[PDB]
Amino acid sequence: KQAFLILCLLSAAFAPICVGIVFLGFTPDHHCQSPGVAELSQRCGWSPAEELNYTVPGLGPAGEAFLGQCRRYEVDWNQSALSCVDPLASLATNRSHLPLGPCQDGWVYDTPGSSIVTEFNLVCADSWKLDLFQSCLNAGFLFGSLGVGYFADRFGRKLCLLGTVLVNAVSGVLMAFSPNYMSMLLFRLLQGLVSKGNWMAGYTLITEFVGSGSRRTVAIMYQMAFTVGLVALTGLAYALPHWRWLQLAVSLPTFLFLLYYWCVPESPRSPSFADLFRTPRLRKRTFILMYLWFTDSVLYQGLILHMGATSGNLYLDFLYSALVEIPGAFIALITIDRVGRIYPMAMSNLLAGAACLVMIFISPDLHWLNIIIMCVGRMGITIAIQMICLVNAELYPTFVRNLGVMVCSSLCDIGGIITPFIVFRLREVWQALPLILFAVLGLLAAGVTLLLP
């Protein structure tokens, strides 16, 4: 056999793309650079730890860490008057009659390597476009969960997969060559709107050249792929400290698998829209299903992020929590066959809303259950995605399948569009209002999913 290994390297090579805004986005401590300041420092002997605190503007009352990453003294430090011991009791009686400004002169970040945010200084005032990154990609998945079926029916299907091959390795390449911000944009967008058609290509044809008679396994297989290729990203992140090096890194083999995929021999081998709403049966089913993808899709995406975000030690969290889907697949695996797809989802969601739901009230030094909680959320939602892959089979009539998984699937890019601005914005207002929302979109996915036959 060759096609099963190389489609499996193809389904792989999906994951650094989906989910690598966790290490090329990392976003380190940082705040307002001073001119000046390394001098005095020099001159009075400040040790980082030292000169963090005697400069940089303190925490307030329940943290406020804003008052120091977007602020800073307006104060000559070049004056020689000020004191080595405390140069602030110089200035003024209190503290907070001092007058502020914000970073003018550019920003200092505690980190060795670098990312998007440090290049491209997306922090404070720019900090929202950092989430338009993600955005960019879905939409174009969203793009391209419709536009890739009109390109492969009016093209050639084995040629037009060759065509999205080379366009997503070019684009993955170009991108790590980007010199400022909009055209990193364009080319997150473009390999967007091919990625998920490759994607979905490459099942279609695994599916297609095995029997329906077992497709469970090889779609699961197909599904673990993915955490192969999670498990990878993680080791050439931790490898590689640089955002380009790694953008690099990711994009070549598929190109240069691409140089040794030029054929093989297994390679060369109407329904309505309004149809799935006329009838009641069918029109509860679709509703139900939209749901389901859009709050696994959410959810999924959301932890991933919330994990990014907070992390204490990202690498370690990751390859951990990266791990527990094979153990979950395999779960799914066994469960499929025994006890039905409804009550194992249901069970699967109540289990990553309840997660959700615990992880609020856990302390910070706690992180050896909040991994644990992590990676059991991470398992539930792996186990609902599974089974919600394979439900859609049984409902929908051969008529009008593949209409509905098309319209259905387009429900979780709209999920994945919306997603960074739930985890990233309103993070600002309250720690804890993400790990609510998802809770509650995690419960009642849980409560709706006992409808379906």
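Positions refer to the first chain, counted from 1. Under this definition, the rigid core comprises the largest set of C-alpha atoms superposing within 1.5 Å between the forms. First, how it differs from the form deposited in another entry.
- Only one of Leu350, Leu185, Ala219, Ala176 has its Cα shifted by 2 Å or more between these two forms after fitting on the core, and that residue is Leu350.
- Residue displacement note: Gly149 has its CA displaced by at least 2 Å between these two forms (rigid core superposed).
- Once both forms are overlaid on the rigid core, the distance between the two CA positions of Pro48 between these two forms is under 2 angstroms.
- In this overlay on the rigid core, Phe26 has a C-alpha that sits less than 2 Å away from its partner position between these two forms.
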Given for the second form:
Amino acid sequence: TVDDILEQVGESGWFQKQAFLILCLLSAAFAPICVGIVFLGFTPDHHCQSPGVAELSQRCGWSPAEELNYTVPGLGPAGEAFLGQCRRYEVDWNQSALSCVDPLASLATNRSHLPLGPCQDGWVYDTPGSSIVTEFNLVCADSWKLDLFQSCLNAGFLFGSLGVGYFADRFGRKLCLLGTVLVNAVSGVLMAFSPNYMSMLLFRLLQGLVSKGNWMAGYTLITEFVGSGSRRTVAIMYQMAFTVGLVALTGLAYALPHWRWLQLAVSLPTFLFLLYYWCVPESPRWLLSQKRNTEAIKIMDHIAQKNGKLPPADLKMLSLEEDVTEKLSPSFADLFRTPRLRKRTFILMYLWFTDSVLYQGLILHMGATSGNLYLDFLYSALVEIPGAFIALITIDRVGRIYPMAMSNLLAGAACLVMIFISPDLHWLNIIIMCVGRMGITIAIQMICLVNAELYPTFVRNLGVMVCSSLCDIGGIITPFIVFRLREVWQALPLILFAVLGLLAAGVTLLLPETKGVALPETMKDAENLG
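Take the protein just shown as the form deposited in one PDB entry and give its structure as the form deposited in another entry.
Nothing else is written out below except the one chain.
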């Protein structure tokens, strides 16, 4: 009966726009946590630091180009670039060379007979700004610890997703928003003032613990607040905030080259939401799922007062249809109580894992697009807009199962097309990648809507975090899987991606259709889904 009161009081009102903006704020302050390693951990051109090279450079006044050419051993990178970015000339350069204009008097090739040692004086970087690998020297033998950032972030995602999902289900959406936003702000603030890498790793673990739960608790609140018809328009445009945050992250990263200033800049919307927190109330469906009737009635009265429309006479005694107890049972065994619910939970878990694996693979496989890193990130980020608009015009017309199925089938076909596509005519390969990424983004938005729609209110956050826990596992194992499979066969990850996409497209058809259906409230209501 919550939807009837929402319709009588007026859904998608001005207060709904205000709540939409202030809750989509999180979605804009969530991208630097997830994908901020692109700008906080970019690896510039580097080589070994030789004290004798600088003396000759100051003596002859050499320009940095030919000084770099005559200084590094590996002028030609040849892919690995270990001779340029790890090798140091053991022959001294402080003494006057035979010819300071590109000296080669060490040997016939000046590298074959001259011994090549590792870096001893540190590293230099050809960039006006700073980064993680710039500050902590993570380029030659410490390059594997750059991936530890994302690894700790995803492990925190998993663990804190489960924990914060249970916390949000038990103590409500508002208290979870308080806790996760506080820990996110603290974690960013001491991220930007971390002396060592271990402190950063611990704070990245904490950010992974709270950030995903914060984002999807806000998404769950903003989904439950609107009626049956505006769920599409709210849940699709909630990721417009993420896209806008991606664009703003790129712009502020171009504005601020140093990573500490970037973290200060991206830690600000969380504090400004802390300043503007009191403008959102709790979800009335969760309040009715806790036998707190008068708080939900007060929330409806406040919404009526803010919207300018008088509350109806039936707004009082707003209660559940068959409320018999507190309905406080957020359980991990609640999801697998029924064979139907266990089937849909396993389907959503496998679908989340497949979508995460496919998204990470499609992101990683295409990285040869040259130019600026900021322009590459803009091209990767702006491609989600037309597919999301295609979604926003196709959920209402078709539904929530067929667009997801087609999108997964299109992603699998695109993974099965670019394998047989020649390396020549790169424009076709780029547009095929773009089509596959478009379908993947549509499928991710569809599963984000469907996961939230197909669960009871008192199970919803915990059940989604259980279903979405396989995304972080896929994010962890995907780079290792693609690396070892690429070592085995040049195209084996592509066939595995196509197989996973085809099986995911086949699997999602067994999900119940939830087009034009109100959110379930009791245990029996979700058993009736589809």
